[PDB]
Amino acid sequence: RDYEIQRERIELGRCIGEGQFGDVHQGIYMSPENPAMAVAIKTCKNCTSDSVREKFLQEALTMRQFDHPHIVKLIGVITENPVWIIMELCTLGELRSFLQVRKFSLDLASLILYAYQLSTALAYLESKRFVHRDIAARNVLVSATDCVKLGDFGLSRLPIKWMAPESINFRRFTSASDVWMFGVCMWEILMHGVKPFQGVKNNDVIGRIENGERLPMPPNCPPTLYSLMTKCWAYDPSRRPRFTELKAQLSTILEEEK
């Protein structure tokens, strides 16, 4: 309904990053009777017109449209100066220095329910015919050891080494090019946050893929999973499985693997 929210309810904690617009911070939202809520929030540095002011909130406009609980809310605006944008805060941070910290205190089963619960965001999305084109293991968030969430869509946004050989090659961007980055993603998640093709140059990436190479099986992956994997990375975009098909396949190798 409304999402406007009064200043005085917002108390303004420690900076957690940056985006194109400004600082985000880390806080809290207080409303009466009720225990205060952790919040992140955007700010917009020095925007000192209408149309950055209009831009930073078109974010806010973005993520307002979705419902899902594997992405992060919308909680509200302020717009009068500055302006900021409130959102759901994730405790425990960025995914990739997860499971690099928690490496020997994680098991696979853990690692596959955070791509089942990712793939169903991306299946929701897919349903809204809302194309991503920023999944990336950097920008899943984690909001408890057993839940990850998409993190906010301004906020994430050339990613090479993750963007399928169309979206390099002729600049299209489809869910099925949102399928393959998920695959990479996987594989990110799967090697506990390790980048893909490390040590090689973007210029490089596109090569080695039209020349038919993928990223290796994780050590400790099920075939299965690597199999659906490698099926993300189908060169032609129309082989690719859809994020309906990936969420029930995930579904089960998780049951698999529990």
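Residue numbers count along the first chain shown, from 1. Between two forms, the rigid core is the largest collection of C-alphas that superpose within 1.5 Å. First, how it differs from the form deposited in another entry.
Once the core is superposed between these two forms, every option in 37, 228, 57, 217 stays below 2 Å in C-alpha shift except 57. Residue 23 shows a C-alpha shift of 2 Å or greater between these two forms [criterion: core-superposed Cα displacement of 2 Å].
The two forms, fitted on the rigid core, differ between these two forms by less than 2 Å at the CA of residue 194. If you fit the rigid core between these two forms, you'll see the Cα of residue 79 move by 2 angstroms or more.
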Given for the second form:
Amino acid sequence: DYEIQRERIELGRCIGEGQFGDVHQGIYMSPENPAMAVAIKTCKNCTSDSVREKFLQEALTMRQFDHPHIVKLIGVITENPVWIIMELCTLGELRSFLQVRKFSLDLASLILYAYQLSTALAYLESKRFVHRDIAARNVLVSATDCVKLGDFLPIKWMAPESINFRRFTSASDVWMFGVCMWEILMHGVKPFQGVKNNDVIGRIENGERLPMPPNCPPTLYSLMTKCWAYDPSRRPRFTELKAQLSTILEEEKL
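The form deposited in another entry is what I need now, so please give it after the form deposited in one PDB entry.
Keep in mind that what follows is only the chain, not its partners or any molecules around it.
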């Protein structure tokens, strides 16, 4: 059972914008458990059941999952105003965190974030779940050494087959994670900046790729470029990525 009652949720400051409406922080006063910081996803346009089905469906998707690097669903209030209650990652969105802390972060913290995301995506691939939107913008920071995937067309992240044929598989999630890994190494800079979405598939199809970020280890960039094989069958799986990222990370810390 996931129904929380409005009275155990204490609405706080707005912390950002979500796909459906403003996200707030708050406090969930469980009768059983010590009060906890929460993020409260709110919905505007939730009046029409049509969008409600889309808003509440993310909750039902996320209650499937239990992983230390996937934001945890705490519960839902399904009477209007409809809220989704999630755990709070207190250090905010990853893109902002990377931009604001650009000169206080060391390379191996960046590789660690990429490693932890690979453990969430290997977990997802083990459930045969395809996420479809792996990007730094869908990651939150729970601690300076702990990141969590959230958010259950972004042309500049998408695999060729996704743009061309709307095909979304474990291999196209691998493509996007490659882009995300690049974003982290670029301290939150978006891929293909100053390029129109319209010219993305054409340059991708002609073999253009994101360059190697400054100070990105050459072996880590080789990992990104394997994620960007045009042929989806030539791309690694997330267990391979996770293993290699552990090696690049252990070495980086020495």
